[PDB]
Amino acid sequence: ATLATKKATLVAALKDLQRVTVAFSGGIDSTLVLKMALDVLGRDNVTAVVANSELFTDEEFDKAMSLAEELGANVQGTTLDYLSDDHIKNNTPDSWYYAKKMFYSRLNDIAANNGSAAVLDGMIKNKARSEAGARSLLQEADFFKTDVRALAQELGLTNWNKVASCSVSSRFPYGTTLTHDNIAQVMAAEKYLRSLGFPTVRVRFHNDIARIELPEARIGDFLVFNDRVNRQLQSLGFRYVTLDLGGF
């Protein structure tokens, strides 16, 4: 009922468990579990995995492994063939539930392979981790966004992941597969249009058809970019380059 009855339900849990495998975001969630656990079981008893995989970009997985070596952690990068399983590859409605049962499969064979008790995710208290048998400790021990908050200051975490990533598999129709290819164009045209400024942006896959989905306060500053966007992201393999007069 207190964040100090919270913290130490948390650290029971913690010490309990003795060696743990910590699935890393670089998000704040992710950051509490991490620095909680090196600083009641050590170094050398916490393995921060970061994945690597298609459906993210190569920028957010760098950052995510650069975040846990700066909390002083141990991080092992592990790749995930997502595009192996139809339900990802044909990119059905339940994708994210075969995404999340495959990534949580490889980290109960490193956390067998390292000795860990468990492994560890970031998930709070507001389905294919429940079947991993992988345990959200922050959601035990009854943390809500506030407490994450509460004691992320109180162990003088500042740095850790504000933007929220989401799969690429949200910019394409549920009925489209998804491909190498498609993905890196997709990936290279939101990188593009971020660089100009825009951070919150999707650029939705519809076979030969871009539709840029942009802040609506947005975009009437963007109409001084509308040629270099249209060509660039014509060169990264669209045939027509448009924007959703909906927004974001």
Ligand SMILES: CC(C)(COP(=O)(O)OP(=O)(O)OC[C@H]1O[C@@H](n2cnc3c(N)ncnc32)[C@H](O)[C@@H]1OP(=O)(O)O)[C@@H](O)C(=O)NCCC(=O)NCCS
Second form
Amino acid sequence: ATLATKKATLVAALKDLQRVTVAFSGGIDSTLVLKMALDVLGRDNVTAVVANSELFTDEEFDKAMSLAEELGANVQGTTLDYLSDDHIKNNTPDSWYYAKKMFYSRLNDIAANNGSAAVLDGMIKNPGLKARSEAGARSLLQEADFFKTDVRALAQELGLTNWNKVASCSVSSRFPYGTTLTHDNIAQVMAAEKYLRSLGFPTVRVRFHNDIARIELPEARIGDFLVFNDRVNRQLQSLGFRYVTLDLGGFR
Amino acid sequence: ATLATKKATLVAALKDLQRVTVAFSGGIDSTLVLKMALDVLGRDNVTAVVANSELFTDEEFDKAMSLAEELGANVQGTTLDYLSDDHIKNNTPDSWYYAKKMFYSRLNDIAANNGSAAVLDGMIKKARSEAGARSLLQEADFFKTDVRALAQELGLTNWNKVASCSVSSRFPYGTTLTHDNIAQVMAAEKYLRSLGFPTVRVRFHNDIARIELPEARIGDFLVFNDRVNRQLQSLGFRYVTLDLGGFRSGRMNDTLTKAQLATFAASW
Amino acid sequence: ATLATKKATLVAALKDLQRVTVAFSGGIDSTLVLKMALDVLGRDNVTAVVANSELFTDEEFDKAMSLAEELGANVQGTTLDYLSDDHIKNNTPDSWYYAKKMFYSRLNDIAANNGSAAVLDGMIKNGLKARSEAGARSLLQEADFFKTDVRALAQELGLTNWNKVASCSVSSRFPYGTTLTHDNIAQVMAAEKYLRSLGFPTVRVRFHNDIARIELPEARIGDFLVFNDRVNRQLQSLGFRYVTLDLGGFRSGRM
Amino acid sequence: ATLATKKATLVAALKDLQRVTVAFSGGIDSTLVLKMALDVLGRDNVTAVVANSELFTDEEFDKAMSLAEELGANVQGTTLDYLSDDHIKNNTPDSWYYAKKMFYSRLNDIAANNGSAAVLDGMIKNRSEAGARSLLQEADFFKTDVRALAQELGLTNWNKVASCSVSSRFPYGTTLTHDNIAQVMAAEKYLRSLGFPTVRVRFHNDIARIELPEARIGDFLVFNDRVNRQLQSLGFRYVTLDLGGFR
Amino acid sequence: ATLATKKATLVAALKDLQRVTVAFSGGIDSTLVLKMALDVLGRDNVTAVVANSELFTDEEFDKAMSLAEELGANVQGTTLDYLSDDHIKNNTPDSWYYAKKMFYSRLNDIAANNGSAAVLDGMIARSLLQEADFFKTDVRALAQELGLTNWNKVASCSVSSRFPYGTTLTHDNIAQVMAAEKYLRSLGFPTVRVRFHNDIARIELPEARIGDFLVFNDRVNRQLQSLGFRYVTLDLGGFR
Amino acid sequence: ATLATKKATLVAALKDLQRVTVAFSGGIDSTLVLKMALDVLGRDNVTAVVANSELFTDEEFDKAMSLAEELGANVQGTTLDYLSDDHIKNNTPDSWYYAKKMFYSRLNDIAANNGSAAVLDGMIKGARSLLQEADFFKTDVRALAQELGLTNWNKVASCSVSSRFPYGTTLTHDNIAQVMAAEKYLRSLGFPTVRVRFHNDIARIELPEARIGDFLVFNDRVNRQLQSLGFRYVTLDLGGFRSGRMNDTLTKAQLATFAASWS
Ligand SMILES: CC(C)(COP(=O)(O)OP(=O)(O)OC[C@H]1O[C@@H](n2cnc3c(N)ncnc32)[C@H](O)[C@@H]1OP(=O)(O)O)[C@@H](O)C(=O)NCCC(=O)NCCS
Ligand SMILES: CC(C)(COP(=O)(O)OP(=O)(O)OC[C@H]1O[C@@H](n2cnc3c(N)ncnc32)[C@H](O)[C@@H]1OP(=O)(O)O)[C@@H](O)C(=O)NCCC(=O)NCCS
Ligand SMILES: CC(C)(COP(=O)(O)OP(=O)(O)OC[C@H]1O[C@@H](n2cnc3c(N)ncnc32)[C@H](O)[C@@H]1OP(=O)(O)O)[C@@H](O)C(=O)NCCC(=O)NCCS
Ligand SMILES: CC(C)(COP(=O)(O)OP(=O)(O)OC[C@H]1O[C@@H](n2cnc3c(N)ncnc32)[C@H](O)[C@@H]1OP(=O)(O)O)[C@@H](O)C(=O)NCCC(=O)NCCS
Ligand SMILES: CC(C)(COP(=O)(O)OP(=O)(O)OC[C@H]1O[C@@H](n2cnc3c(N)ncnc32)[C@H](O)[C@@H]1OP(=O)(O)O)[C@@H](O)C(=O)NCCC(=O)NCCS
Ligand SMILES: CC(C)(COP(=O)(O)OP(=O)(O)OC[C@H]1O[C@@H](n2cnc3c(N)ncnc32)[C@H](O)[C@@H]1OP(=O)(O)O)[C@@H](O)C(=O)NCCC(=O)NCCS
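To test you: the structure above is the form deposited without ligand COA. What is the structure of the form deposited with ligand COA bound?
Full assembly next; the chain just shown is listed first.
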């Protein structure tokens, strides 16, 4: 029941596996898995893998690569071509599952090639985990009954203080279901959001409605936002939008 | 030349025509034509026609009807079905012309049936030329200042100060107008006007409403965001948005970014 | 004295003059003078004159020209070169008087050339030496019109339209002793014209050399925020180095 | 039906009366009635009356007195004693009835003494007083007809925003006093001078609860601290803004 | 006063006390005392006590309970019945004294019963952080140095301050104020007071946030009316 | 390349020096240098110096003094008389160099007297800037600072008050105090990043643009406060603090032209 029993379950699971490939995103969870894997198995027995793709930003990729490096892991980036799957390309309500399918298939290929006994990810005890289970990836924190409070507890005891505090969210969510994602309109959404964040709005969505951008901001930020209206209008128009709008309902 | 000669040209054209039908909107221009026609020819020699349609509000029609009655004209309301023309229903870039054609075709029928010698409208300084409609203020070289001068001299003080625009302008070209989405746009704009924003547009982008406000009002508007969101969603929009460029985008920008906004708008 | 008596005095004075030139600004006072002149003497015996100059906006000039025509007057624009007078150019407390002198001197020339018996202005009762020295007549003042009598006769004549936002000389944007130049005048005039175009009809761009100090009514400053960057860049393109908003609001100083 | 017909009804009614006393408030409605009475009957057959009282601002009284002269009327100010009636002083939902009673009783006394055939007020269509003729209402004037006829007569000057009876700033069952009335009156006068012509300072003893039109609240923030200190110096302990806005 | 001297001063003081009960609120300060006490004395010689009561939010109790368990302490919740004291119930200007009395009496009773030598708190009943001359900045230095990243960042105050002196506190009106403030915080205003004036709610916000609040005026008016206020108002003077 | 190589370059340089004096301002950069020196060389081999002057707020001098001791350094404050140099006093465009010149002369005097092999400062991307030598950019400073557990540094970054005065304006104790008091007042209202630029009878306030909407409630109090400090007109710069950094690409280019026109 205690953290010590949970940690022990995690330690013994790693020792049994001996050589692992870690799906590393930079979150606290996969940071904890990667640190435990390094401490239990040694740097030559752990491969940290960070996936680059069109649905996530270069900034989050670069941050994860640097964090794995900082922890002392051998880290390798791999590029996924999500738009090659028609379910993802056409953004069906099922697209998340096919992206997860391609993700775990790639990490399995890497693990098969480096002699790893398993792919590990950072899933915990809190569905969407269908793709992981189908590929055989192990969520050791979940197996060891780690809740979020235990992750923080163990991180503190191990002296981990550095991880990515901004949880990534697939850009697919900026597009209505049935809308076709392209290299161009994905980049236009990410470039628009990057500009808005640089203005001091870290929580933002630029929702894509063909010629319309619909900006979602937390409502308590909209009053301050007004000073930027025209600069935002023209910037996002130079990115290719015809109309730049603010959702009166706010973020979500 | 002088105002006096311009009036005399207008009087002489009316005297020659003897019996006229006047396209009356309630604006100052058609108010001047109707007042002049009544003064020169008499009530029994004038028919004022006010057209109702789906592209304009019943409030504007009712005001124009009441204004024509106030002048003492025999008034005839007529209803146009603009949506029966596929150019108008599908909102093509030439949709305005087919509306003009259908408008002047109805007025010609009314004038032919009541023995008028011409249809008159209030245009100043075209489906009208093909229809044979006469714009006597334009023929007599009246500019807007001459209209105002003659109106004041005739003692005309009551007219439509707000020239309202066809609801067609709220729909992108190629979007099909329907009875429901017209009513949706009209009710949304009416609600926003009732909140204290008399200059407003609710542009229709299917499930998105894109609200245009004069930019100096956007700060005041924030207090109403949630009520406007839920109101326009109850009218049938899924998403309710405020255009960051405001109403008449670019007209208030600095020189450089006004040119930039026009370079963008002309790329589209 | 009743309003009818004040009107009859004014009517008799116009009748005696037969033909007049009216200095017309578009304000309610000169609108009343012009309308009465038109009613008593007829449009052919009245010339309305609107003076254009560097110290007042083209918008107020254009409005006054349109208003005089809407009243039914023959109207003539005339341009004064105020900056040719060193008193006006050096922006001293007597500059206004020398401007009035050049104003009425021009109006006298117009009146002599069209056969008018007098120049009329819109002054009423409550710096008029230049008017008196020039022999210009203020018939509203002569007939004991106060501002309430002006409103009453305007109502009786059906006058409802005039310029309610009376313009003041751009010289007030410069501290005393600052030399007015064509360049710095145009800089201030263009800055204020832009700000009015944003929806702020009451505004001052105070000139502090490389600093512009914008005065707005305090109840409007919240509305202004959406325009900060465009106003900043617009006014720098007009030549200012720094574009600022006075926290004290419209006419914050005066002291 | 037409404006001209309603005007003609008004003209005929005035002609029949020959001599009237006009309850004049300075609003557009009583401005139109007063001007029509003067135009049909002449200055010597019209008496304009402006009622001053503790429940309406001295500023509106002064404006109306000046406007009545501007319209061409002989004008008489009269001061009403609303707080001398216990029904009004104790501020019940029936207070309105007793104030109207005293108002029309005074105007009727004035009219009896100058030989008027009636007291006229500015009530319009869209509620009847028996002791006064509301000729605009009898002639079926709507607010739109008042404005159209006003423009046609060249009337442009009237009180555009009536402050209305200060009794509405106090809860029912609260006793009105000269002190608390004065406190509310001075508070609203200050807020109006800042550029908010439509405002209420609702009285909750040590709390002031300010009602502004909601579209004005964003502009108001620049004044928060000055209003707070001013209304505290007038005697409120806490100065607040109602989040619901005006009404 | 190097960090090493201040830490060593505290280390020696804890070591001398052998067995401790920690008044733990979830703030960074009591978080520091608890972590240090556990490290110096061991888990089985430290009991963290978090007080539940009507004058503080259930959210703050749950977070502090969770945070202390997260650090590895044996944690014990205790319930104080503040409203049973007539001074607290009637909200006298002296009520604060009687509240502290029951709090330290309860913690003293807990400590005597489990063999603790003292009750410790996190003030910067002994405050060893205060004795070691800890400022807020050096507390921060040790927190990172010990790997501490989680604590209660918004230290609450007693709900009594929302009522004028002499007002009777009730279960209903406390719940009403507490619910109103929870709603306003959920909108993005972590520093707020809903001051209780019978049928009037008077909201205090930091003055620099009042402009941001306007978008919420109508929802807040109607929300707090459904909680029982007749009028919902914003204090023009701001928070305090 | 990697953060570890950069740290190792820094470690090797400190070991080589053996005894150092650290110019410590309280910024994250000089905090990183000081912590590294202490960890590599030991407390008895490092002296932290915080320079006070008429151009530095006493509050920032105190904060740096407290942070250096907090890190475990022997720390010594010293005051420079910048206003005794006519180039600094009359605020010429070269004032920056003469202030830095007098700064480094004082630190060199201290290092010669304490047996230090060099003076170290926190310069990044005979004074040594070891962070710059080891190729540290701002991202690497933040990353290493996090790794050592550094949590305290001056987040509201000190600049010389001279930057509030136009070139050619004479700095005095009175007008410096006027600027410092105006800025301290604004910080007390909740605006930690602020400049009160001095234009004789005009104060021109620079705020981050995302805060200007919040400022409206304080307009009258700030106007009256700064007038009592001696300004005639109290104004807000419409371009804000660090004008241009947040603009769209076109207008950022435009404002970069405007700024360059006054250089
Ligand atoms: C796992 C996945 C399917 C998304 O599900 P999710 O639970 O929302 O994803 P998370 O971002 O919480 O990632 C969980 C773990 O996956 C791994 N992971 C996620 N993104 C990764 C990346 N780019 N590189 C390597 N590992 C990655 C990590 O081990 C991570 O743990 P952590 O971020 O808590 O430290 C994602 O990997 C994917 O490929 N596509 C996204 C599909 C989606 O949006 N699903 C919605 C859930 S119904
Ligand atoms: C007149 C019309 C043909 C449009 O042309 P337009 O000249 O730009 O439109 P206007 O509104 O200025 O019409 C001018 C005159 O038409 C007449 N008119 C307009 N609407 C009228 C109505 N509902 N009933 C009767 N007459 C009407 C009036 O004489 C009016 O004079 P006014 O200045 O006093 O209002 C219009 O009546 C029509 O049939 N369809 C409008 C569709 C559209 O969008 N047209 C754009 C033109 S670019
Ligand atoms: C009258 C004058 C001599 C100064 O005296 P003043 O009473 O302080 O100035 P005012 O602005 O009140 O002008 C009073 C009258 O002068 C006349 N006047 C003022 N500006 C005028 C102009 N531009 N053209 C014609 N007449 C003008 C009008 O009769 C005006 O009456 P009104 O404005 O009350 O209707 C004035 O003519 C002058 O000096 N300059 C005129 C303004 C100008 O140069 N340009 C345009 C101003 S918008
Ligand atoms: C007029 C009164 C008798 C009540 O009637 P009301 O309809 O509530 O008030 P109104 O403001 O609509 O008054 C209507 C007309 O009364 C006359 N009137 C009102 N106040 C007047 C005053 N101070 N002096 C003279 N006439 C006055 C005017 O003719 C006015 O027309 P106008 O203001 O539209 O131009 C009011 O003056 C009074 O004495 N007491 C009102 C107190 C109250 O609580 N009323 C609640 C009723 S809803
Ligand atoms: C501690 C107490 C007795 C008063 O102290 P205070 O200075 O007002 O409040 P603090 O929150 O600073 O309490 C100091 C320490 O008490 C302890 N403490 C406070 N509330 C606690 C709780 N609910 N459970 C356990 N320990 C608690 C903690 O060690 C805390 O340290 P930290 O908050 O700095 O991390 C208070 O907790 C109490 O029981 N009643 C409040 C009395 C009051 O209203 N006082 C008004 C002051 S004039
Ligand atoms: C050192 C000085 C010259 C600032 O120049 P700088 O090197 O560009 O300034 P930085 O902000 O990069 O600081 C560099 C380092 O100098 C040292 N330093 C600066 N001010 C210091 C002070 N008052 N006391 C001690 N050390 C100080 C610190 O090591 C500092 O590291 P930091 O990044 O944590 O602040 C400054 O002391 C001075 O004399 N004037 C400041 C303004 C100026 O005109 N500078 C000209 C130099 S470009």
